[PDB]
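Accompanying notes for the structure given below.
Heads up, one of the protein chains got dropped from this complex, but the rest are sitting where they should.
Chains here go by letter, A, B, C, D and E, matching the order in which they are written, and residues are numbered from 1 within each.
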Amino acid sequence: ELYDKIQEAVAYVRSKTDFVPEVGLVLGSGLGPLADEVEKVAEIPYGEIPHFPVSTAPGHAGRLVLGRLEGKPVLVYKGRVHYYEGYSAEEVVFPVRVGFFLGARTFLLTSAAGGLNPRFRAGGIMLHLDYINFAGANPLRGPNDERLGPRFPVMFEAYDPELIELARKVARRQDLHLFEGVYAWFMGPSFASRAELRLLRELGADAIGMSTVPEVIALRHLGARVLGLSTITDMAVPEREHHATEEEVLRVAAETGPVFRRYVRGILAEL
Amino acid sequence: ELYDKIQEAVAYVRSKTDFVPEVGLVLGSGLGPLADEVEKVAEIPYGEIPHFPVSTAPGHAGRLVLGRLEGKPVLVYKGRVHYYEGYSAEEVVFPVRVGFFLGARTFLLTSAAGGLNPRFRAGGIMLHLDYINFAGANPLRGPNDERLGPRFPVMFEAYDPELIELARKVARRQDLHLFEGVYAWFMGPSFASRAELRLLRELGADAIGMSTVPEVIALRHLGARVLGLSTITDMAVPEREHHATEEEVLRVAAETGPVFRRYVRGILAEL
Amino acid sequence: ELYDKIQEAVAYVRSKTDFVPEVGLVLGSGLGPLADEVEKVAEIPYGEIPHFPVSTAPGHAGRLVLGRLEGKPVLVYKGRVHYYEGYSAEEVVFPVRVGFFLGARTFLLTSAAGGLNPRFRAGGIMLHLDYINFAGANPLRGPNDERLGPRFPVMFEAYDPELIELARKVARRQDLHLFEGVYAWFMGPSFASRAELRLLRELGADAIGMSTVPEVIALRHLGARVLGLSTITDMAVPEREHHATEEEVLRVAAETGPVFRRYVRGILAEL
Amino acid sequence: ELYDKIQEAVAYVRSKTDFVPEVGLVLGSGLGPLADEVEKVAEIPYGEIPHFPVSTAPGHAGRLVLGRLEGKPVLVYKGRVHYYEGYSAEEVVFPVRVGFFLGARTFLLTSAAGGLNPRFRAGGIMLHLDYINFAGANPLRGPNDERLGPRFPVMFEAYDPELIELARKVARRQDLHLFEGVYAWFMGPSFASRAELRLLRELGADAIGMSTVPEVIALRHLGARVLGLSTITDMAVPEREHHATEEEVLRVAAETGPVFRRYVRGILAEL
Amino acid sequence: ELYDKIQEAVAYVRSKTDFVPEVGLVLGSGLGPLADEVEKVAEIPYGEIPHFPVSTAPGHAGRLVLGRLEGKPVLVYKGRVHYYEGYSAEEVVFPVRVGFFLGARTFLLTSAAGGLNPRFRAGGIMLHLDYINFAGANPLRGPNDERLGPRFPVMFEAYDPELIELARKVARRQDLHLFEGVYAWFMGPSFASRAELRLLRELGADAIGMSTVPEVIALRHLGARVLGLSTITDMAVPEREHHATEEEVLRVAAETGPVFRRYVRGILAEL
Partner (left out) sequence: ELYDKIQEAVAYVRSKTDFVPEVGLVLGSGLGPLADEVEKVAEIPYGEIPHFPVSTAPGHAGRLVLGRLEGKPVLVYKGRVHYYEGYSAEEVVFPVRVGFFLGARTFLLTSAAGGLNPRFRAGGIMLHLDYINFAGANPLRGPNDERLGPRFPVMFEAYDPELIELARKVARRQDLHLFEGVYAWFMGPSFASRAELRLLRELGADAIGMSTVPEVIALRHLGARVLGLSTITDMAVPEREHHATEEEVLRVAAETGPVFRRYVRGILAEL
């Protein structure tokens, strides 16, 4: 019963704290240490929350954190879940749906992603301007509940245009080159073949990852404002020799952490 | 029980009427009203027919109509079901399969669609020349009953070439400018991102919608002849602001209706 | 149970024969007759092995052959299964997983494919350099077992680079012109529309088929070496009349058969 | 001396007749017999006109015909020159420049072209919606005279929207299927390689020929109205055997002549 | 004579002043005003220098200015010449070649360009990352004088990488959002058709212009560092209505003027 399921998840959260978040922060693979810099009021493992799917993927701690970061009330997702784990597109989006109903109307979706655009560099940061779904799944498939949003949500300006100008302004202020581009959702969990990376780039994709797009679609359905940022942990260009390993991706996510944390806190401060 | 399921459904319709149709006609979003112009012999809602999926989408009454239109004996589907509503590709094509076995060996599939081709105009009509499946689902997936058709149907000339010439002749006759092109099945129910629209145009799609292709594949499996028409309700071009909403799609499908019913009737009269 | 299932299938094969295979050979549509040229020690219907999926498709016998071919101890799959038959990607790759655990560390994946590359010919043989997954399913989706392989297996050099050089050297020795290209997995079982073929060629696909890719991903997850070969049974280029029929794929696979069998035996001899 | 050059050519033609045309008509390779149907007042070979280039190319008589066709005062060019003859883009567009100053404010440019769009047929007629210059030559390169046109003429709607709607109407009126597309100017005089046809089609060309674009560019500089028609004499599609020879192009241009000559008359009637 | 020609022009400038520039700055259509802001020590009309071509184009003064700007010895080209004016590639680049031999080892190449990337804005500045020659002419065609540079100069890193990092650093310092992309050289002087604008975007051009590339090749021949900056004077995207008019390109180039001059000086400060 999607809705009675959300309000159950909501009621269990309010049984631990009455803290109202304004800003949802989803932290991707290796990006979790930013939950530590929060001024904490409550911390809830996903496994205790009704109908929440649990993190199985490396670099995802599976913890909901509530409190103050850079003076904004925030719901931090230390970890997410992914379609490649065996979760449906619907099950993947249950956490940010709960966050929206807890009071979060602005969401920052962060990820570790591969760079398709050869002008990018590993350790770089990319602003999501738009997405492509190459995963063959959609979280809104099935009956629509009008209390969430419409049957056919408009996905133009999926990434909030005011939030991109803010991203840029902060990047400039911090003397940070900010990459911008299109994020492709690839189901995984096998990495892309050379011909798949070639195909996604030629179709207009600048970064490649296994997350984010279902949360974007689900949040726009609800009327939330969305900001997408990936740590470019590796160059996935088929005409170079090496594809990064899981170990290497999580290492560059950790190495890029300080600049990434300082950037996100700088966006939060101005929101 | 598939085939035995079909005969269960055929038999239930024959329990209401021995009327044998020559022509199937599926009316899509906001195209239902042509069904009111039919000299009814039977009018069965989908919910009452064994194994029939019921319509939940806006502008789909979900009523099977047997009768006379432009002097032809016709099976009219007042609305249809979609993959986005959470029916399998197989469940989506149950109706047109029953339609075939009632005796409709020629089918006109109609839909509301976005224009990808920038040359097209809102309010215009696009004859289907070919299709692209970007939904990742196929109604034939599963065991094949040789009684319906072959294991590996050929989808060359999926859109009947004689019916395409006819569709052109009738447009000329009615001083009507008939757009032509390739229909892309996008799974939905979220509308395409800018980058997804660009991606589908550049693969050679001229129109985008969320129906018809499973019907086309199911019906060529059976050896039926197929003609596809979309009302280009909106212009889906990503280097222009604003995608149409649900309200705007259905509004243009009602405005265009007199031009469109006059066209469908024109074709019916020559069959 | 996955792993426990593998081990029951393994245990059942060891109840008929203690023969340890080193090379796995998968025979696709109309390519079974190579299995008869094996010096048999055991032959086992798929239907009798625990958790094995059974071949339902034309020109797939559904039998596991262990023994000696051209000197090598071989596990020969006389037929495979396809996603189009109703089987999940996981179910499709259960056989090669079982083969790996019997000791086959090198795998030959054969198939009947359509030529997209207009420079190809019916009766041709294409060495696989890479793959494109257009079927929207991955056999590793779900929980991962470290006893099989890692969470995120790298799919660069999916088709082993030394077996590619071996396959060229043998084609040269035999005076056989070996075509080379990218195999696209299309889900089927409907053949592809003209526009879908144009779509696949322009994405970088040189051949189209309904098999192989899930096996490649599954086998690279395990760390097996993979050589892919396709009989180009038909030319599937959309700007020419007539796509091939099931009967025209099976006929050419058999006419081209002696040359194919001599070629595969050459590769085996040099392993 | 560009303009003085034009006025010298104006002078010499007015020396022979004071008749003022309203409509320019340029007959391409094999389309010349329409000049025979004119009601003549004067017939001047291009040789006798100061500063005119001369037709060396097969099926171009090289003669300026003035008079009356389907009730209209027309300047009819029975042949043109092309860039592949050795003439610069400036020399090519000299006749239609003189034609404008004789008072032709509306031009029909005809041509025999190859079909790049695989949905076209030999003996079809194509309406120019737009053009691509792949010839590396612009007729306006050099010093600009404002008495002719601006320095930088805008080439949107190079082909007149109203004369496009008109062309469609008459094609509907005559029960004639009217193909529509983009014209690519290829320098020649060698025909395009297979790879060149492929590249031109991929770049959005629907037709290839060795004329017409420079006339278009120069006339829109003058502020004239242009309608483009090619007789599609051959299917130039690179994954089919045989490119049309010179003998085959000029033959089908004459076999299609009746319908083409009826159609161009239809358009004249309505100006 | 080329080199003797260069020395003849070097001679004639050294006869008016013994000033030695370090930095060459070429001002495109409507960017000329920046010259007036220079602390003159000399000013020389192009018409008066040996072998110099003369600016005929709207918004090009045609004057060589020497002196001081933001504390750098600069050589400012108030205007340039273009291939569309009638000048050969080699003629077009003589000016920047003469500057190089005067001791300007670093050039900034400013231009008024259309925006092909639909994410740009009329009034934006684009940093050149790379170029595409579509004009069908190369300045180095003909004999090669080793005293200028090599027969086959490598065009990788044509736009200097340190100067790109510096363009970004300055943009960030000045809270200026800096567009980045590939400048396509279209010959003109006709603005591109819609299908041409489409062709050049699909080929990976971000901006279209009529200048700059010849100068880029010529300067890299000599070993000069090169920084490219365009004013996006208009959006050149073919699925919108109206191309910019000559009058509109010059207006927006003057309106962006103050920001463009603050930005250029910002860079000169740091060199």
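Brief remarks follow.
As a convention for this text, contacts are C-beta pairs under 8 Å (C-beta built on N, C-alpha and C of every residue); 3 or more make two chains touch, one makes a residue touch a chain.
The omitted chain makes contact with just one of the residues D:41, D:61, D:199 or D:259: D:199.
Shown as candidates are A:14, A:240, A:242 or A:262; the residue that touches the absent chain is A:240. Checked against the full complex, the one of C:92, C:129, C:154 or C:229 touching the unshown chain is C:129. Only one of E:33, E:58, E:118 or E:153 touches the absent chain when the whole complex is considered: E:153.
When you scan E:220, E:225 or E:243 for touch with the missing chain, the hit is E:220.
Of the options E:141, E:242 or E:262, the residue whose C-beta touches the omitted chain is E:141.
By the touch criterion stated above, the residues of subunit A touching the omitted chain are 118, 202, 237-240. In the full complex, subunit E makes contact with the omitted chain through residues 130-133, 136-138, 140-144, 150-156, 158, 182, 203-205, 217, 220-221.
One chain is missing from the display, and on subunit C it is touched by residues 119, 129, 168-169, 171-173, 175-177.
One rule holds for everything that comes next: only the chains that are shown with their structure count from here on.
Within the list A-E, A-C or B-E, D-E finds its counterpart interface, over half of the contact pairs alike by residue number, in A-C. Looking at A-B and B-D, the interface holding more C-beta pairs in contact is that of A-B. Spacing of subunit B relative to subunit C, judged by their CA centroids, is 37 angstrom. Averaging C-alpha coordinates per chain places the centre of subunit B 42 Å away from that of subunit D.
Residues of subunit E found to touch two or more other chains are 202, 238.
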